[PDB]
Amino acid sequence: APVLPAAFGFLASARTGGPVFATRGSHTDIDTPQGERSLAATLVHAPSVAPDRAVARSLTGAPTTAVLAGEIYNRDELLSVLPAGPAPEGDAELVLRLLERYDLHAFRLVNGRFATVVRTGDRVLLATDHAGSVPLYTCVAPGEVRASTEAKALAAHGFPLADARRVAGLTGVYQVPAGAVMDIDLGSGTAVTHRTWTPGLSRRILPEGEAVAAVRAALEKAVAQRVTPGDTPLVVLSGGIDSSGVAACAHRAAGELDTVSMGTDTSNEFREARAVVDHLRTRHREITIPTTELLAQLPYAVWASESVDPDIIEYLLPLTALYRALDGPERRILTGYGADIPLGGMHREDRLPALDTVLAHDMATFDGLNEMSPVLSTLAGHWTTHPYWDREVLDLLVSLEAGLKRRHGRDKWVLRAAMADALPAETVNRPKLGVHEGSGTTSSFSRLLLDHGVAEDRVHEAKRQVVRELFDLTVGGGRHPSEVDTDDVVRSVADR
């Protein structure tokens, strides 16, 4: 529903001397008071949004300009540490007020879904939220610093930056790691990176009672922060405990709930989803996308996510299509995505030792996948947020000892028990089922391959070659997905 962030993404630059995005929306070039020596930036955002709130300026320290894509959820908290009074008019101004107090350490305090770039004097700051849910890339050269929330905008011509990965194929284009802040001196072109968050490695113990309660309270608040007062949110659900947990909380926070479920002509989860829409009495809508169409949208998913990971792509393909086929006006969409990462729910492990090993490195290897990028939905005009990856909910879920994740013969137990009084028993105890499984994405994507020659002891690697190809063409090539024929790229790869 209405009330989206002041901005979805952006392209900025800071020099001593027309961007094309996947994100759909309006563009607004911000003013440049000191012109040449100011921070130039093109903002991409909803046509019904006033970019203002995403831009803030000041003279504190120096001439300072701040651009912020996304939103912050722990506003009251952040506002409580400041000299109360001149409340900022937005998140960008909020960030600026915080930077004046804690400097770059301010980002250690922010709980949100954002990406920002700030310039003060010849100093340039680049930051992401604890999870890096709003991809942020950069080209740093002595005297020139280009920032963008999409690598495709920076894929034309920087110098190597340490503590930052290079974007596949591109050269001189880096990504700002998750939960980090790059301190950049425009003069020398030097960049220092500070991490402002890192998964916890220790585990805490708690009796079922307290554990189930803390997990519920946290989730409820994570959702409360994400739902806008007034309009009814939209929840994309499966009729999994994850998205059902979220639907339950959102329903309470908004008093009403619109839901939507995706399916293909091979399989779907409409029955599991219906069992939830009926319990909660939500306004439901089932969308079925032909497997052929599903696969035909491969280049769009890779173009929006800017990822080259085959498996993640299979997870996003169904979701991406669903966002694109969504009917009606731009919505504020909540999800239950990510819940499995801190729970190892995608591994189906009954052995605590293996469960901890698995859930752990999973937390240490999510950066760079962009699975939770907002572009997956903003390419269609929809804003998405994921409450399970809220910093507070993530911290807690991650910290729980394996015996609370795998317990009583069930996985993700703690969460299942946390929602047992708001969802039907069949739902709470429904076995884990990937979006890419309950729709036949992974299976279908293996025919189109096998149906082109590639045999067994290859298939996975082949998908990896197709996905990498789509990337080079769209992200690193300037080619719109609609110009890349999936079946063509598949053919050129069905070889070796």
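Positions refer to the first chain, counted from 1. Between two forms, the rigid core is the largest collection of C-alphas that superpose within 1.5 Å. Compared with the form deposited in another entry:
- With the two forms fitted on their core, the C-alpha shifts between these two forms stay under 2 Å for all of 278, 426, 77, 350 except 350.
- Once the rigid core is used as the reference frame, the Cα position of residue 468 differs between these two forms by less than 2 Å.
- The Cα position of residue 34 differs by less than 2 Å between these two forms after fitting on the rigid core.
- For residue 458, the Cα coordinates differ by under 2 angstroms between these two forms after the core has been superposed.
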Second form
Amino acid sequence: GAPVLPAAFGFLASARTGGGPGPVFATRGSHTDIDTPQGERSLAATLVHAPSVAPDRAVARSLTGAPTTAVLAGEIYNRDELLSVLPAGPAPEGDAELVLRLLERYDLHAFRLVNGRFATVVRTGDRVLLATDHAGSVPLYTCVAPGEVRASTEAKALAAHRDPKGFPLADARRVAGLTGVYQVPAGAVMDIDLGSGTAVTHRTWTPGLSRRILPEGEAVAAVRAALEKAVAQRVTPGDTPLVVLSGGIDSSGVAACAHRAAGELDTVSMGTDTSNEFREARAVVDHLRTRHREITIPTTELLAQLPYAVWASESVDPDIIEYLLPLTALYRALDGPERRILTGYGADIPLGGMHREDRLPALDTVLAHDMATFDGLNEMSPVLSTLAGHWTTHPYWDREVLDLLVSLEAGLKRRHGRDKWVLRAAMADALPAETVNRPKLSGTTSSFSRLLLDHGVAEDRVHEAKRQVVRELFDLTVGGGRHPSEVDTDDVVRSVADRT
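Complement to the form deposited in one PDB entry: the form deposited in another entry:
The next block holds one chain only.
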């Protein structure tokens, strides 16, 4: 009875003094322009959303008949908490309206209260607000100049224009490979004066730098409770969600929580002609009695996802692109209706899932560095899945779960010789023993690294070779306006190798 997918996946909005640009998105869906009642003084916007579901809940307007409009891509998770701090009403219907009602009470500080997965733009008179969620999980880009502000959930839609009129902004980073396009920082709200094109940015969240010791038993129960809540908030009542499942504790944990929340669950696992964790996942599938699907794709197909992954994430970090190849392939391979998907992605970051020794200092060093450098990588962008029409959400990076996991002392993250111990302990009563204490996972190269090595690229120049390949795929797809389908990936890789 309730909408299973967000009211809108993305948008291209515009606020200009005068004038009057068809959006090109990687995100799949209907393109619907919102009404512009105040004419040139209104906020113009094209929303990309789930076909057949009108995007009404992604737009909100003034209740006093004034020039104030808000557009929101994504969704909010702590709705009951937010509803509890609002005056008489009326009861907001949709997240854009919830945001607007909150802005009426706290102005821009409203964003310090929201725990969600969204990107939003608001125009009030000649003031424009742009805001991201705490982790910038829904990328938001902008082109600001005196008299005109353009904002979009995909940089490519802003670059599609001839020489975007975008200039430097406080806290906003210039997008490499593009001109005039800047990315709004994660956990922030930019307050823009339309006339001058100047902006003041306020951060609404930042990774904790301190660590808090809690009674052991309590810490473990707290992690389980927070994960259970975050997952429940992400599951639509009346709809059985899909969990992308691996053999690891991360995705297994989300599956256990999701099954409890929905009463039933669907799971899917992807594998290649070289490796898979089908047996490991089946252990959880049988334990939970889920409707499971196994998908095997040749390595040539997985690597064929290179341009799609770059095009969707608009990221140029080769390491990140590699993590995304498998997921990009999985989302495109799914058959049937558009799904609400939950993943165990991200757990490794605050927990130092890569740490491999009992010594704790290096774990905190890496963790702190990771939390200070995730912004701009766009690794959890919804476009990765929406390019195929599916919505994805990541429980481990829920603001409450994230704050808690980041804050725990290192001895809880690496213990008894096991990685992410606190998470394994938190779920030890909901999963089979083998899943709970099976090590995270020696000479094995990634298929992307293998691809360059198979081209005869010296192994010490492979990583830089991968960086150059991605860089060129970005220039063709995001900067050039070329569709992934039109990219001769082989030629690109061959070219980079021939110059290495």
